[PDB]
Amino acid sequence: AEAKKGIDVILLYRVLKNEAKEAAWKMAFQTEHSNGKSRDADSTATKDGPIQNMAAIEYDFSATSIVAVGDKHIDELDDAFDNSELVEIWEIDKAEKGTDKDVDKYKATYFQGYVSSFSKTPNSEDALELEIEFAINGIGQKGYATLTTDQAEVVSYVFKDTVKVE
Amino acid sequence: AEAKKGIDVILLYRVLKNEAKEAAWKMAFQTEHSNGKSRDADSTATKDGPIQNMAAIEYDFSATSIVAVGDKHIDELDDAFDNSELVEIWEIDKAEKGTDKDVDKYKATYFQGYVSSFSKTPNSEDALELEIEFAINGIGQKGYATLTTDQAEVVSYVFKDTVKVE
Amino acid sequence: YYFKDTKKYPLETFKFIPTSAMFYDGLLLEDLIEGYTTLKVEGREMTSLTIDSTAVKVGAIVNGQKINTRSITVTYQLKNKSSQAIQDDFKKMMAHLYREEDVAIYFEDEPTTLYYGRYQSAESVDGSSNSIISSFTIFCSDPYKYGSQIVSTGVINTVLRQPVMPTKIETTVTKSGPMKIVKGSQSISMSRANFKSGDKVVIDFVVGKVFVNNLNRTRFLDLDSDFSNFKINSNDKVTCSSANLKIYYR
Amino acid sequence: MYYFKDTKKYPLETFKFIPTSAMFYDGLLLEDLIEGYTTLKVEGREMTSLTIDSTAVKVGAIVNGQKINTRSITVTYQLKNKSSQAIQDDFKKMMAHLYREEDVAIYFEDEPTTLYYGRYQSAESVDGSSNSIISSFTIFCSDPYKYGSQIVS
Amino acid sequence: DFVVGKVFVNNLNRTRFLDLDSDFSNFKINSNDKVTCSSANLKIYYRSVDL
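Order-wise, the sequence lines are chains A, B, C, D and E. Under the entry's author numbering, read the first sequence as residues 2 to 167, first letter to last. Under the entry's author numbering, read the second sequence as residues 2 to 167, first letter to last. Under the entry's author numbering, read the third sequence as residues 2 to 251, first letter to last. Under the entry's author numbering, read the fourth sequence as residues 1 to 153, first letter to last. Under the entry's author numbering, read the fifth sequence as residues 205 to 255, first letter to last.
So here's chain A without its partners, still in its complex pose:
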């Protein structure tokens, strides 16, 4: 079988109030992100053995990227953090494709939440780095999502001849 690479999972964002004007955009130069879920297990001891009682779900979310020059979406995220508005998040997997009624769609998951951290540490010898954390309401939903052509490929050059370009 074949292992699954971690470079095939990307993230998309969109501010909630602009859901009728634009499609979700992709943040550039992503390095890693972490997604975790957990439940609190409460144990009660009886004469037969421990019995576990489970609690609600807690989400732990984080992201990391490199700030690019001329990118205006970081300003949108900063304004959303300042004014405390809702943000949508998509987690799209590029290694899975749909079969019957979703031919050009990938498996994904849908979240909404706020922004609760915004940090950056510029040093004298490295590149600028950005770290974001979220607080998520409710329970994430499952389905299939659409990726445009320019957000799913990498650009490279092709063969060229040895004559002057006209």
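Source of the hints: derived by calculation from the structure; they are not laboratory data. Any given hint could turn out to be false.
BS3-like mimics (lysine-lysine), calculated; alpha carbons at most 27 Å apart, straight line [to be verified]:
1. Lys-67/C / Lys-232/C
2. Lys-108/B / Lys-41/D
3. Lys-22/A / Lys-8/C
Let chain A serve as the given structure and place chains B, C, D and E on it in line with the hints.
Okay, now just chains B, C, D and E, sitting in the frame of chain A:
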């Protein structure tokens, strides 16, 4: 599609009581600084899922530099810390420029706050470093700031001939 | 939440009604204030008792029993953007909640029950923010959970977990003479009364009076009748020979 | 608080910042009388509680009366000064202004058309080893109503 | 006068004129209500009460 270098972020200071006498100056030999924001979220669990509530903003600020010889501004900061006076702070980014009405200005941010730390550890085989921490009042404001000509260029040397200087 | 694609969304979405909403005096608090939401409601599950006893050499002797009242706690969330409109929101909420007598309370997760209670007190409210979480308490002096109303003509055809007391029994006198309502080993008799044809005799149990043609005529009732012990159970028959009966109960 | 400024010299003058929840006590602002005084937050003027009397019976209780409780308002402040002698005079002035023998009119800034009746009741213990103090005092309003503008019909 | 509980006639106290079965402190006004008197001209002072 170019990464943003961390060298193009600098800081400027000025004591509040001298706002009508001198312009903001630049600290010599800066190495790195940290700027972070956060909100504390209280989670309330219901029968449909967690509902998050947001709190006020908390600022974490620090800076590090190398002490120069014959610099009188360190004395100003030390006296401000001793007498508990307010300080103004600017965080100017050199890679962003304005187009229409801000022709020779850079994007920046403005803070006011006190000084809550002043440390230095002189050993026998390294240079002397200074670490400063701040406590910030209110909420930072955004705008466009002006950099003069000698605070944005680095000195070099030019080609010369082999004849005796007159 | 509901799953949505990355394309533009051209439809309109409405407000979310939580699982446990409260109708206070026939109105929904979510439809009055645009920043209100009910989070959770506690204290409406179990009831406690209060047993009186006296100590003796080998234990205690129980003589009386009582049922404690009920208190309901409601937690909400009020959110706004301006420091001035939140005061008007609080004023509206207090104008709606404050009442002088008992009212009817309905809950969304219990669509077949009825409650009685009124607003009692509230916790302290934080004064340094515009997103506020707090709670208030409702005092219920009647710890029963009622249900829909059933009208039956002398035969009970429902299931009851406990024997109940009917609210009232209307009759329509057909024959002329005395009246006697008979149940198993229990009876209510007016043996010294002469009723003509067509009298409306209403036996009211919540107040303790017998109404005849909209007049107080309790003087006809014998003193040996079971007026306070009359409780009906499932599959019980109430019959009278001089009139036709109607029974109201929950 | 403050507003954005450039990196050049500022030739104009800035006046004192008036907080949102300022209080007019007997027609005077405390920020005007004392130059170091500042009001931080006011709590306790939002929500109202009742009192119900009842006696126990076999199937619950019987309610025989209701009453409306009074109100207490707690205001947090900060007094700042540089000299040890002058802060005592500032406290003397503040206490001499706050002490009253009857009810007075109380106005708040975030509610421009509301009137309160109350009086100073008590104060919290202040720190005795510094020149910047944070504490609070309590106002006792014996009439738990909020009035409005007067109308003639 | 309602706050004090007396009836003044030409700056003199004449509260004794009221009937024993009249409503004095139970007189409450509501929106869109009409108050009429057949002998004098009325002026009403009131403040909106918000709890």
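- Query: Under the criterion that the straight-line Cα-Cα distance not exceed 27 Å, is the pair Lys-108/B, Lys-41/D satisfied?
  - Reply: Violated, at roughly 34 Å.
- Restraint status (C-alpha distance of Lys-67/C to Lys-232/C at most 27 Å): holds (19 Å)
- Message: Given the hinted pair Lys-22/A and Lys-8/C, is their Cα-Cα distance within 27 Å?
- Response: Holds, at roughly 10 Å.
In the structure shown, a violation is registered for the earlier hint numbered 2 alone.
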